[PDB]
Amino acid sequence: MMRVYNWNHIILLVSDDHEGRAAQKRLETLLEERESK
Amino acid sequence: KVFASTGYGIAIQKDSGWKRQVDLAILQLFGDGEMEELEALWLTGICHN
Amino acid sequence: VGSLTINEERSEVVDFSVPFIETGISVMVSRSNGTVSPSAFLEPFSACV
Amino acid sequence: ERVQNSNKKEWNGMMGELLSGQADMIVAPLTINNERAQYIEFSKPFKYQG
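Residue numbers (the working numbering), protein chains in the order written: chain A, 1 to 37; chain B, 1 to 49; chain C, 1 to 49; chain D, 1 to 50.
None of the hints are false.
A few chain C positions that, by computed beta-carbon distances, are all more than 10 Å from chain B:
no., residue
1, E9
2, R31
3, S32
4, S39
5, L42
6, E43
7, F45
8, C48
9, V49
Simulated restraints on C-beta separations:
no., chain 1, residue 1, chain 2, residue 2, range
10, B, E39, C, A47, 45 to 55 Å
11, C, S11, D, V3, 32 to 42 Å
12, B, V22, A, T29, 18 to 28 Å
13, B, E34, D, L30, 18 to 28 Å
14, A, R26, D, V3, 23 to 33 Å
15, B, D32, C, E12, 32 to 42 Å
16, D, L30, C, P44, 47 to 57 Å
17, D, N5, B, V2, 48 to 58 Å
Because the hints were derived from the structure by calculation, they are not lab data. Here a beta-carbon is modelled for each residue, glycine too, at the ideal position from N, C-alpha and C.
Could you put the whole structure together from the sequences, leaning on the hints where they help?
See below:
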């Protein structure tokens, strides 16, 4: 959804549970990018 | 009493992310004081004492 | 990597690193020195005696 | 400093507030190391020291 409308700010709320923690881990691994050049 | 107060650094292209990790290594150099030893190797006078 | 200074009209163009050597503008002379004791021993004794 | 029975090293002081987001920008006798530059972005040194 970022660079759909070029969006660049987010504040999250995690469910204190394995579901929210695992989703947070997945998005944290997703945010490891922009290694240019 | 130097009338100016500035510093010597390195020029990088704009928006080049490598300079962060370069400055981390610069502080790694600063963390052990090797540049004082190279100053003893390079920047040392005679009757400047 | 040459010995150039970080300056305002230079930092606006490109990206700069952390300065690693403190620098400053001064002047230098080749001066023989001395002093003057002006017509006395400058306040010779204790003035009470 | 390491938080007890949680094996987590946590900053204190000014960095206990700024890295926790509780504070805005800081003017200080900012002694610069590798770790503070790792977690806090820095300006150029205002007053050279030793």
